[PDB]
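Asker: Below are the chains, spelled out letter by letter.
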Amino acid sequence: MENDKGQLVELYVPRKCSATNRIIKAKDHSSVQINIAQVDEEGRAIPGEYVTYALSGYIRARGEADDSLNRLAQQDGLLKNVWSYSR
Amino acid sequence: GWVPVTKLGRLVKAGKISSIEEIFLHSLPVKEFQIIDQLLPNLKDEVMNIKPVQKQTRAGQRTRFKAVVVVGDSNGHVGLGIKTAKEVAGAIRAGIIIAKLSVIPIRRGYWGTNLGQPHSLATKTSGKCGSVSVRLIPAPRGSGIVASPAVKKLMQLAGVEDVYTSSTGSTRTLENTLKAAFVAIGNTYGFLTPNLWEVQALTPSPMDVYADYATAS
Amino acid sequence: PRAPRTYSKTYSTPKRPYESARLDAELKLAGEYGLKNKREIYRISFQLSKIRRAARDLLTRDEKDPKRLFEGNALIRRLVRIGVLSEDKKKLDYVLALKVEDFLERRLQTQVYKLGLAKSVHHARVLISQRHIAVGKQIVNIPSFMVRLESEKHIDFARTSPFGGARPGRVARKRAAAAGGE
Amino acid sequence: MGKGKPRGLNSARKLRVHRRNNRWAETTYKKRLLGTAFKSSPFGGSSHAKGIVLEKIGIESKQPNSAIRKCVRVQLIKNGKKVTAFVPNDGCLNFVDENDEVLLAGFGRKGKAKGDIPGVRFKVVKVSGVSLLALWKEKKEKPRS
RNA sequence: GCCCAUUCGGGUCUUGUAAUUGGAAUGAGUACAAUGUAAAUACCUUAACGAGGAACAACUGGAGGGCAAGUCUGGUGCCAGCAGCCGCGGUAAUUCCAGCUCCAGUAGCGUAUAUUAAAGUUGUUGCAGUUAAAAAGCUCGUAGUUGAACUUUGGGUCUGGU
RNA sequence: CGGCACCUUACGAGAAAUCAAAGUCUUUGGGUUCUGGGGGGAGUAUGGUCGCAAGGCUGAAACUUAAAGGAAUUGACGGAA
Ligand SMILES: [Mg+2]
Ligand SMILES: [Mg+2]
Ligand SMILES: [Mg+2]
Ligand SMILES: [Mg+2]
Ligand SMILES: [Mg+2]
Ligand SMILES: [Mg+2]
Ligand SMILES: [Mg+2]
Ligand SMILES: [Mg+2]
Ligand SMILES: [Mg+2]
Ligand SMILES: [Mg+2]
Ligand SMILES: [Mg+2]
Ligand SMILES: [Mg+2]
Ligand SMILES: [Mg+2]
Ligand SMILES: [Mg+2]
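Chains as they are written, first to last, in PDB author numbering: chain V, 1 to 87; chain C, 39 to 255; chain J, 2 to 183; chain X, 1 to 145.
Simulated from the structure, these hints should not be mistaken for laboratory data. For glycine and all other residues, C-beta sits at the position ideal for the given N, C-alpha and C. Treat the hints with care, since some could be wrong.
Some chain J residues close to chain C (C-beta under 8 Å, calculated; not the full set) [claimed, not checked]:
{"no.": "1", "residue": "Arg53"}
{"no.": "2", "residue": "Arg57"}
{"no.": "3", "residue": "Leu60"}
{"no.": "4", "residue": "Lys92"}
{"no.": "5", "residue": "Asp94"}
{"no.": "6", "residue": "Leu97"}
{"no.": "7", "residue": "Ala98"}
{"no.": "8", "residue": "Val101"}
Whole structure, please, built from the sequences with the hints as guidance.
Answerer: The following block contains the structure:
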């Protein structure tokens, strides 16, 4: 990883899922980058600025994925009233 | 004679995706084959074996040829390609193409202590296919590729310089063994370490960024 | 009843016979450093193998702690003396990967050829065999001598015998005799 | 599933016993134990045995390949048992002759048959103190009659 | 390799082949000596002779696969034989029997039996038991083997080292 | 809360049929009993033991042999539809 004195060896330093932490592999054909555009006052979605989320594939397969995304959004501040802490 | 379908392919042609590393990072599919070639000029393609293979018919049998091909370099990339066609050369070509399409990175780590450049696997990783479990245990330096011949070859192609194996179940189902090995290799990037606890930024993909250059006019 | 004189079946065959690539490599090595057999190569491997094993063992204990520190260091020193290890590399983990080629290169086989003297590896070997070449002023006639680097500058042609130039040597004498007769 | 065997810290004797019991399913081990070689196995659990050539017998081969395999009915000297030894290379049987002493060896398979020759377990090696291969070669000659 | 490639070619520079030939060693042999040694041998040390394919001569196994290397030639024609196993043999044998080539190992190499590895095919590490061999027909049950959580945690204040 | 019971993906499995257990196993260790180690010879021989017997439990080797099996795939076939 870090040879001798820094010198970062090992490229491809992976996307880790937002929900699970779980490393998203090179051929993780199912995993997805959601891009959510940055909001502004009175309309306006600010061109070229996002909250980007990575979702691993396992979660998607499960169907626990949407919920996770929602939770993430809530944590960030892209939603209100949606994802509760307790169910 | 180039011409790409696939946004990714187009991007590659344009020359805004530099290396396959980026692709790996954004887990982008490579249905086209030429992209890989463009990226990596050092692809050594080695044919492992060719089984003749026969469907049985009302008269005689349908001889085809399941050619197994392993593709690599010494950077830390491998491809495994299996195809079964009737013309042998054609089949081989197909296999090669498949391997290229697959081509998958390998996390090469340190035996014990950093010191020089890394040419073993990072963690004890294993794979599985049918009844073959290839387990790749990281070696020390100079200790070589301790493996079944095909497995050894694969390792060489990858650019793993030293490694221990423990291929168990029916290893002589050669293709299966190879597949297992490939799986194990893949699992290297996927096994979380304390080196990767630290949080990354999530970069925008080339597909998102260079979206005007990709796609047809 | 005195005591068993100890020996080692030192120099060990490979686990498969006909790994074609391996065989080819061996042949190439032989060609490079003029060996009579694969036996020599095997021996070399065994020698190196042992060293590697030792290194591994050392690593398996903590560097800082004692045996590892000392024994390992000693080994490194020995290697340096032999002239297989470089002076840049004295960190144990460098020994771990020495390679057989390096070992071969340190022989009085090649340290004749490398220093001129012979002309063409095989010739050098022959010379060594035939009672020429004295590493000190003591005639080495083992090809697989392994030169000490500290005594590599001292490799000369023999004090006695020709080439060093004490006596012309047999055929020459005969020729002289013939001339005299004529 | 705990998986059969007792994983306790004091379950060692039992484990050992189990292992011992199992050992009697392994065939080689069993053979080693009971002395099947020492009690049977024409030879005395040995590499070789000298035996007297009672008669030359051509034995018809198993299947696929069809031929007569020029064997010899040998009587082993030390035990007194009677066995059948195949005789290798072209001719060879002529060289062997009849009523000669003949040094046998195992055929290869740790007992058992050797490929196609049914009910046959031994190579003739030496006939009356020479060597069959040598004779065949004619590198060495026979010591007359 | 090339100064130049109007066609050549010198071949200025480097390598391999010829019963050419020639100079230079060699110790395996022998042998005064001297060494050794209880005395000898032998070693090491020496004088003298002793190499040119005729020798001062390397064998063993193999040459389809497993597995390195012959779709060479003839003799054979289910024979005789090889073949651990797969198998080859039935008039086109690359597997038998000979020559040449050729491979492997090499003053060694084969065969036989044991045995260890390979065998996670004896399994503690480390196997299997729905169907491949394997769950007692069922419950009870002494030995054995095992067996829920709970009792002194946390903070400060100096003080030796590495 | 309880026993006699479907669908998808399996990331878990599995040789695969399939399996919500036959999962949490080369990323190998929750606690235990029992059973198996190529096929045959053979559930025989023998001895024990249990029985009125028939048989049961227990249980070999010699010798033999390169396959015996399993699962499925395509065929071919079937007095199957
Ligand atoms: Mg001299
Ligand atoms: Mg037949
Ligand atoms: Mg020969
Ligand atoms: Mg032969
Ligand atoms: Mg031949
Ligand atoms: Mg071959
Ligand atoms: Mg022929
Ligand atoms: Mg064993
Ligand atoms: Mg088993
Ligand atoms: Mg069963
Ligand atoms: Mg039952
Ligand atoms: Mg029953
Ligand atoms: Mg407790
Ligand atoms: Mg059995």
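Asker: Does each hint hold? Answer for all of them.
Answerer: A quick look at each hint next to the structure:
| no. | hint | result |
| --- | --- | --- |
| 1 | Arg53 | 6 Å, holds |
| 2 | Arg57 | 5 Å, holds |
| 3 | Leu60 | 6 Å, holds |
| 4 | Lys92 | 7 Å, holds |
| 5 | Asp94 | 5 Å, holds |
| 6 | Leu97 | 4 Å, holds |
| 7 | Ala98 | 3 Å, holds |
| 8 | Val101 | 10 Å, violated |
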